[PDB]
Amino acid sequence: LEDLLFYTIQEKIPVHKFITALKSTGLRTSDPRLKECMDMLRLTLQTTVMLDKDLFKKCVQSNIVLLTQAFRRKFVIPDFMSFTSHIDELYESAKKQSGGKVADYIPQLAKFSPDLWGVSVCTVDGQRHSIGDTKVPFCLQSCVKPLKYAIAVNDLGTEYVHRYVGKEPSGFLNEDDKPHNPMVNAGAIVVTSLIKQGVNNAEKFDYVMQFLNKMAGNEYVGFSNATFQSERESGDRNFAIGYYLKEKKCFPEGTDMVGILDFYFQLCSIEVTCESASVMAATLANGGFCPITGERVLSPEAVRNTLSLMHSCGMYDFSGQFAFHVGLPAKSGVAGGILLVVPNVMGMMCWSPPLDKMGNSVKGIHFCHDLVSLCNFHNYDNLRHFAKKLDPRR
C-alpha cells in the first residue's frame, strides 16, 4: 500500500531523494493536502536522513492516496517537467514583445513598470509552475467580474441572476432592458447588487473575500485602498451607468445604488498575485473544487455559467476573435491580468501591464495564442486527431 510506493522509490531512501521526486511531479511541499506527511518528515529528521520501510510508511501514510497518484503519474499532466519547459519557452517568446500602453488613467495603474511579466500555472491536480514576476500584487479590476458572477449564481441560481442580467455578447441595455452580460460594467454593477442583499458593504465585502480566499486555496488575496480611492474619484462613466440602471429599474427592490457603486469599486480593487490567481482559475478549471485544498467552493452550475460567459464576453471587443482563435474561457483586466481557464486541465494568471488598443495585455494575448498554437487545448480541438499539436495529458 504505502509499502508499494516505498519500493517504486534499496533498503533505505534518503529523504532528499523522496522530496526531489515529489517536487518533480509538480506538487509543492507546502501543499495543504501534504501537511501531515511533511510534518512527520520534519519531526523524523529531529528524532533520527535515511528512511527505512517502516519509517516511510509512518511519514507517508496519512497522505498516501494523493502521493500514490503523483508517483503513479495519474495527474492530469503526468510529465510536468516537460510541460513547464514549454511554458517557459512560450513565456520567453512573449517577453520579446515590448508593445502596448500601460493604463495611466489613475496613479496606481500608471506606476507599474511596462516590463513586469509573469505567468503562473495551477493544474486541477494542484501542480504548480511560475516564471517571471508572479509574486507581485496587482488589482483584479475586471478579472473580478466572473468571480462575483460565480458567487451570485452559486447563491441565487441561474434563473434569478439572469432576470437581472443577460446571457450573451453585445456585438447600455439589450432588447429586454437588461445589461448584455456579467462581463460588461453595466452587467457587473447589477451582479454586484445581487450579492448578499440586506447587509452593509463591510459584511458584503468580507463575505465575498471568504469566497476568493477559498478559491485561492488561502493564498494571497488583498486590497488596494489607493486604487479604490482613485477608481471612486474618476468613476464618472460608472456613475452614469448607475443612475441609468436606477432609472430603468434594473436593481433589486430596495437597492441603494450609490452604495452598490462603492462596493463595486472595492471589488475591483482586490489584490492578487499570478500565483494566487492561478489557483482561483484552477478552481474554475476543476468544477468548483479548489485543486490544492480539495475544498468545494462553488456549485458546478455556477462554474459552467461563468466559463460560458468568459468564453463569450471575457476579452472585451476581442472576445469573438479570442474565442475563435484561442477558444479558452478568459477574463482580461485593465491592470494587465488575464485569468485563463483550460477546463479539466488547469488555470493560469498571465500578467503584464502594457495594454493593446482593445484593453488586453499584449504579452498575455500573445502567450495565449502560442499556448493553443502549441497544445490541443482549444475548446473545439479533438483529443484523438490533433494533427501536429502536442497533447501534454499524454
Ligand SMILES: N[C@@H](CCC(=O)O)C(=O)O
Given for the second form:
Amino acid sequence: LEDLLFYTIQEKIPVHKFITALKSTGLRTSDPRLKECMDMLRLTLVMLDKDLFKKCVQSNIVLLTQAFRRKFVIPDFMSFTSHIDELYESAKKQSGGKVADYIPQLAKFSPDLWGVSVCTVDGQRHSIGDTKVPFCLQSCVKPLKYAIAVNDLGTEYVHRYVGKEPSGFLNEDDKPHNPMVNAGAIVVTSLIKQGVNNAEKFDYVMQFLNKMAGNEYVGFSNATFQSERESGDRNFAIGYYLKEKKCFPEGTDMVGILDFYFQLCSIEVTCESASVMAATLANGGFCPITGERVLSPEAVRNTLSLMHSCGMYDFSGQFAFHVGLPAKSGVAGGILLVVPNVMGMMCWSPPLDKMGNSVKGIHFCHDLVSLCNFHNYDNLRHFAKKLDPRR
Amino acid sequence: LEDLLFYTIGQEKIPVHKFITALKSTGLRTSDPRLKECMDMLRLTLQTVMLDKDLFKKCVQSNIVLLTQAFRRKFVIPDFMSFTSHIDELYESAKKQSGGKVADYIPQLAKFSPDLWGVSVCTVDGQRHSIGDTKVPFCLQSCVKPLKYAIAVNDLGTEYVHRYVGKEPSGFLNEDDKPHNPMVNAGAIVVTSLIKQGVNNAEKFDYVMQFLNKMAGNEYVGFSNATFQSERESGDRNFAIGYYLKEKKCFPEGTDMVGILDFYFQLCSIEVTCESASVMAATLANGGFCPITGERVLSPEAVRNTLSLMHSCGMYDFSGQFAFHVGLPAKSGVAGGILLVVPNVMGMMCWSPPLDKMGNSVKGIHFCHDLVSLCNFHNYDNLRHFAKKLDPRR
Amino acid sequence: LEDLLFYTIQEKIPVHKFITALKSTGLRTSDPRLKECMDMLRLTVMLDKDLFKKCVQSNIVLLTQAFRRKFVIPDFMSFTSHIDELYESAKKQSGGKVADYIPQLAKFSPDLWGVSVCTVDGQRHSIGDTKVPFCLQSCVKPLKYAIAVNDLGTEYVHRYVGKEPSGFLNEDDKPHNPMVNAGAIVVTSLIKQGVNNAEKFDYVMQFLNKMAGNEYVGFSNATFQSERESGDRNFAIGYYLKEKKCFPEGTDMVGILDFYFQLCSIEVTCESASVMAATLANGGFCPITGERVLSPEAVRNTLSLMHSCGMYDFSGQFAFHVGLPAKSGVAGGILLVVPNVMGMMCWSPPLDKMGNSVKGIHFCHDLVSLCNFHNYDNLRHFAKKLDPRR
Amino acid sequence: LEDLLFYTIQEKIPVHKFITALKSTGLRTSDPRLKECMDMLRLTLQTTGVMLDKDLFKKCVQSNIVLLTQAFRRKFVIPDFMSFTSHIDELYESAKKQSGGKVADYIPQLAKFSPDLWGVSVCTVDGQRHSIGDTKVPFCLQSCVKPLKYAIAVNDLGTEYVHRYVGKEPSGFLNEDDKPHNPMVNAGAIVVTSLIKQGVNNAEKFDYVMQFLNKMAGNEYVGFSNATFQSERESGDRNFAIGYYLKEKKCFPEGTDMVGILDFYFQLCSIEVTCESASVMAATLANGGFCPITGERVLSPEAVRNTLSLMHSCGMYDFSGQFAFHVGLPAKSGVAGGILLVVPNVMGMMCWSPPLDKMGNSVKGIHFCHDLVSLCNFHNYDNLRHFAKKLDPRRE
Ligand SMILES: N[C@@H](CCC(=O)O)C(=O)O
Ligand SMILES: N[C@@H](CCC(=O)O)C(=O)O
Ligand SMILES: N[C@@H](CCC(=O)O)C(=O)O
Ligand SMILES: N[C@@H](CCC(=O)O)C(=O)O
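Please move on to the form deposited with the named molecule bound, as the form deposited without the named molecule is already shown.
What follows is the entire complex, opening with the chain shown before.
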C-alpha cells in the first residue's frame, strides 16, 4: 500500500518530487496530521527507494492515499484556488466603505488591507491577500461562543435564556432574539463556565478556539478591550436592561459578564487561523487539520442555522436569499464564512458598508456563489451554468 | 449491457414476476412514465411466463439506463425498503396525536375527518412510497404559494418578480412598501398579479394548471369549485389587502385587483392528493426536473428562490422554529397539508386536517420533527459526521 | 326695562342710531332671536319712547344684555380688529400644496383665505372669503360623533371605537378614535341604524342645520362621486373592520362607506361652520337660535377628542402649543372651538405637510399667542396675553 | 372701609366670633397673608375683655383688610366652602370603601405604608383649605415630582431650549426625533433633570430645587427620605439602563455626568410631602405660578401652561388617555400612591393611598377623581354656562 503511492509518484523518487506532489493536493507540509511523516523525512535527510519511502510514509499513509487518489471534497484544488484568486482580485477593486472609527484600534487599520483564506473539510489550504495580519473577531466570536455554550450546556438549556429567530431589545418571551445580537451574545456569555472567575472562563474559551483552529494563531488585544470598555455605553444599557428583566441565570454578576463580553470581542485571529475555525463548523465539529472532535454536531447545527438568518446584521435576510451561506461579520471587517461539507473561509477588509459589513467581503461572497454552486438551495444534480469544484 | 442485467437475476430463464418484484423493491412503480416502453413490450410479449437473454433484452432495451441504476442501487436511497419501513414507523407514531382543530371557516374544510392522515414520498430518482390516506383530494390553499411564485420567477426572472415583492420574513408592507414575501397572503396576491399578464383568468388559470401538471408528472391535479365559491364569500381579509395594495400601488400597471383576487381564490382552490403533491415537492428537490417524467419544468433560479423562502417564510409564525429544529424547506396550508422538500433527496406531502394554534397540521409538524430527528436530512446536518442519526443515502 | 334701554340711547331715536348701536355689539339684524324686533321696525323714520318699546319689548332680554356689555366679549370692535390683524398676518403665508387627489379640491385657488367667528352670545365677525362653500371632509368627524353620542350615549358608542390617540385597531380591536377614518367609518355605522341611507343622510343634515342655526349647509355630488371613485384606502379599512367584526351586527359595510363619503362631501361656509363650532363651545346650545342641539355629554366627549386627535399627526403639537380643540380637513378648513367663548372656521385650500391648512395653522398660533384662550392658560395671571372677555 | 366689614359681622364683636367667621371662609388663621392681623389680635388681647370695638377692629384688620374683605364678601373662587367641603367628605368616604390594589413592594419604604392610609387635601386659588383622612402623614413624591422639576426647567430655560432634549406629547425609549417622548416618562424626567442648574454640584442642584418646592408649598412641609433614596439607587437597574441609552444616543446636554444625574434623579424622587403641603403645590399650578397662600410668584405662566398640558395627556401613565377623556383634569401620580391633581383657575389637590392598581395608580385616588368630576363640572371640556346634573361650587 505504501508501495503503491510509491509507484504512483522509475527506481528512486527524489524528496522534492514527493513534496511538490503533496502541496499540489492543497495540503501543507506543516499539517499536524502529516507530522509523523515529516519527522521521518527530517531524519532521513535526497532520493527515496521503495523501502525508505515506505518507512517515512507509514503512519500517515491513509491521509496521503486520499490526497493522491484525489478523494478530497475538491479533487482539483489548483484550479479551484485559481478561481479564488480571481474573485479575490475582483473584490480588491472595491474601494468603497468606511473603516470603523468608534475605537482607535479599529480606525488605525488601513482600508487597503484585504485577504481571503480557504480551509476545506479535508484540510486543504489556500490564502491570498493579507492573511497573516491579526485582527479582532468582534461579533464574529458570537457564533463561536454560542457553539461552546450549546456544546457544554445543550440546546434546551441555552435557549431558555435566548431566542432562535431573526428580529426585523427582547422578544415576546422576554428573551433576546438570538445569539447573534449583542443582547443575545451577552446572555450567552453569562452561560459559559458558570461558577468560576473571568480568568478561568477566558482560559477555557481560549483553549476552545485553539482546538477549532487546530492550534493556529489565536490572540488577545488588550488595547481594543480597553477602548471597548470605555465606549460600551450601548452594551451597558443592554446589560442593565437584561438584569432588570431577569434574563441572566441566577447568581450572575452583570458588570463582570460585560467585561468578559468585551474580552471575547477583543480576541485576535488571522484569515488563515479563522478559516480553520470555519472549517470546523463546516466539518461537523471535527477540526479538519487536527482531525480531533472540537464540537458536538448539535452545537454546529444550531450555530450554522442562526448564522444563516441572523449573521449579517440587517443584511442577513438579503444575504440568506442571494448568498445562501451561513456567515458572521464583525466591525473589524471580518466575515466568517462556512460552506457545509465543503470548506470554511475568512474574508477580511476593514472598510464596512452602510449596513456594517465588509464591502470587499460581501462582494467576494456574492461572486463566490455566482461562480460555483455553494448556495444552500442550489441543486447538486442540475446547477445550470454554475461551476462545481467538487467534481 | 442489457445482458449484464439479465445475469444479475442463477438460471437460464427468468420468471416475469421475479423481475417485476425485484424492480418494485427499488421503490420504482411499474406505472412510471419512463418505464412505459419496457412495460408495454412486457405485456405484449406476455401475450404470446418466462424470459431469455434475447427476450428480456427485447423488453428492457429501450429503458435500459434507468433499469441499470435501479438494480445497481445507484438511486439516492439505495435501500428503499428500509427507509420505507422507517417512514411507516414515523407515520404510525404521528397517527397517535389526535390534537388540533379542523378549520371551519368554510364548510368544505370543516367536512373533513380529523382522523384523515397520510404521507407520500417521491425521491429525486422517482422512488415512491405512500401510507395513510394518500388518495384523498384536498386543496393546496397556501401550499400553492411557493408553486405559483416559482412559476412567476421562472417566466419573469428574479429582478422583476422581487421588484413587487420582498425576499425575507417579517417580525402588511415592508420598509420598501412591498409585501414582506410571497409566502404571505399580501405577497401571494401580488405574485398572482404577475403571472400571464394581458390575458383572461381562464387562460391564466390554464397556464398554471398545465404547469402544475408538469411538476406532478401528470398525476392528479384538480379544482374544487365548492371551495372556490366559499372562499370568495368569506374573503373580507384578502379583499382588505387587495385595496391596500391597490392604494399603495403594489400592482403592475393595468392590473385589475378584483380580478386578481378571483384568480387568487382559484389557485388556493386547486386540489391535489398526497401522492401527486409528493411529486411536486420532489421536482423542487430535483432542481426543477420532474423526477418521474425526467422533464424540465422550472429553472434552477426559480426553484432555488422558492426553497429559500419556504425555509424562512413557509411555516406561518412557526417558520423560525421550524427552520431551526426541522431545517427543511416546507409549505403548509389551512387544509392541513404540508409540502416538504429535502433537497437532492426527495419531497413529500403530509396531510391531516386538524390544525394547531399556529395553523400548521399537528401530525405533519410532529412527523417532520421525527423525520429530521431520525435522519440527517436537516439542512445543516453534516454528511460526514451526523452522530447518532441515520443516512438513508447509504 | 325697555324704557331703561331707551334713555341709554334726546326725546327721539332714529332707527339708524339704534341699528348702528346694535351692530356694534357684534350682533346681526338677521339674528333669528331678533326676528320679532326686526319685523316691527320694518312694519313702521324716527320713533319715540312708546314706539321703541313696542318693537323692542319681545327681544328686550337679549338687547339689554347686548347694550349692557354683558356679552362674553364686551368690546367686540377691538377684538374684531385683532382678528383682522391675525387674518392679515396669516394671509401672507402662500406655502402649502392644494389637495389634488380629486379634481374638486384641486380646482380651488391657493389664495382663498377666510376667517369666521361666532361667539357663544351670538356675536359675529367674518373676514376673507367666508361665503364660499367648501366640503367639511374630516371636519365632519367630530360633528357625526357628537350626533352618535347624543342619540346612542357614550357607553354604546365606545364599544365600537377608542377614546384616545395612537401615535388600524388598538389592543381592544377597536379603531383608535372617532377622529381617524377607521373610527369615523365605524361611527357612521352607528347613526340611525334602522332606516335606509337616504333617511340617515336627511337626519344628519337636519342635525347640522340646527347646529348651524339654519345657516348654509349643502352637499357636493361632484366631490361625493370622485370620493367614492377613489376609496381604496377607505375600502381597505372597511373590509378590515368587517373582517374584525368592528361594526354593529346587521351592518352593510359597503353601504356605510357610501354614507361615509357623502358625509365628507357636505358643504359649508366659514360663517355657517363657525356657528357649528360655537354650538360646541356653548355646550350644545346654538348661540344664535338659543336652541339645544346636542347633549352636554356629546359635546364634552367631542371637544375632548378634538383636543388630542383632531389635527392628524400634528395633533400632539397642536394641543401643546395652541391648546384648543379643533378639527381639520382636506378641503383646507379648520373647525376651531374656544370653549365658553366662541367658535370659528378657518378655511384656506393649501395644506401643509401634515395635511393641515397652512394659513389656518398660522392663524391658530397667533390667536393663542395673542390671547389667553389656550386651554391651560390662567385667567388670573396670564402675563402679557390679552383677555377679550375683559 | 374697615368699618364696613366691622358692621357686617351689635355694638361690639367678640374675637372668637370673628375667628369663627373667618374660618368659615375656608381660610386659616395660620395664613401667611393674615399674620399682621393675627399678631395684632394676640397682642391686643394681652393689653385688655375679649371684646372688640370699631376703632379696635380697625387696628387689627387694617393691614390685611383687602384679603379679609374678599373673604367675608363671598368673592373667593368658591363662595360657599363648607357646602363644597361637605361634598369633598362624601367623596372621600365613598372612595375610602375601595379596598382593592397592591402597595408597591419594590423597595422596603413603600411596603411599610399601610393600605388603610387614605387622605385628601384641598387648597383653592384663594388659599381656602380642607383636609380629611390622613393628610399629615409624610410620603415621597416619586413620579409626582416629574411635572414640578419640569416646570422649574421651563421657568429657567424656557420652552424652546428645554424641548430640544424632550418630547411634548404622549408615546402610545425615544421618539422619531431621538428624544424622550415627554417629561412625564422616566426617560424624559432623567433628561429634564440634566437641564436643571447646570455647572454646579448635586448638593447645590438639590437645594435649588428644594427651595423652589418650598415656594410652591408656601413654606409648608417639604422633606427628604434618605431611607427611600438609598433603596432607590440599589433598585435602579431600569433607570440605569435608560441613562446609558440616553448617554449613547447623545440625549444629554454637553458636559453631562449621567451617573451623577441618576443620583440627582433618585434624590428628587425621594422628596417627602404631606397631602396638605403638596395640595398647595398643586394650587400654585392652578393659580398660574402664584402660591395662593403666600401670594408669591414661584413660576412663569409659560412654565405652568406646559406642565399642565403634559400632565393632562402624559400624567397618569397608561391610563392617561382614559383619565383625560373621563376625568379631564391635569394630574400626576407616583408609586407612593399619591396623585397630584389640579383644577385650573379653581383649586389644587393631593390624593394619597398606598395601594396601586394594575396601571400603577392608587385605587382610592382614581375612584375619588372620577366621583369629583361626576359631581361638579371641573372637566376641562365641561361647559360653564350649560351642565346637566352637575353642581358648580363657583356659583352662589
Ligand atoms: N464590540 C462591539 C462590536 C460590534 C459589532 O461588531 O457589531 C460590540 O459588541 O458592540
Ligand atoms: N385561501 C386562504 C388560505 C389560508 C391559509 O392557508 O393560510 C386565505 O387566503 O386566507
Ligand atoms: N374623504 C377623505 C377625507 C380625508 C381628510 O379629510 O383628511 C377620506 O375619507 O379619506
Ligand atoms: N422612582 C421610581 C418609580 C417612580 C414611579 O413610577 O412612581 C422610578 O423612577 O423608576
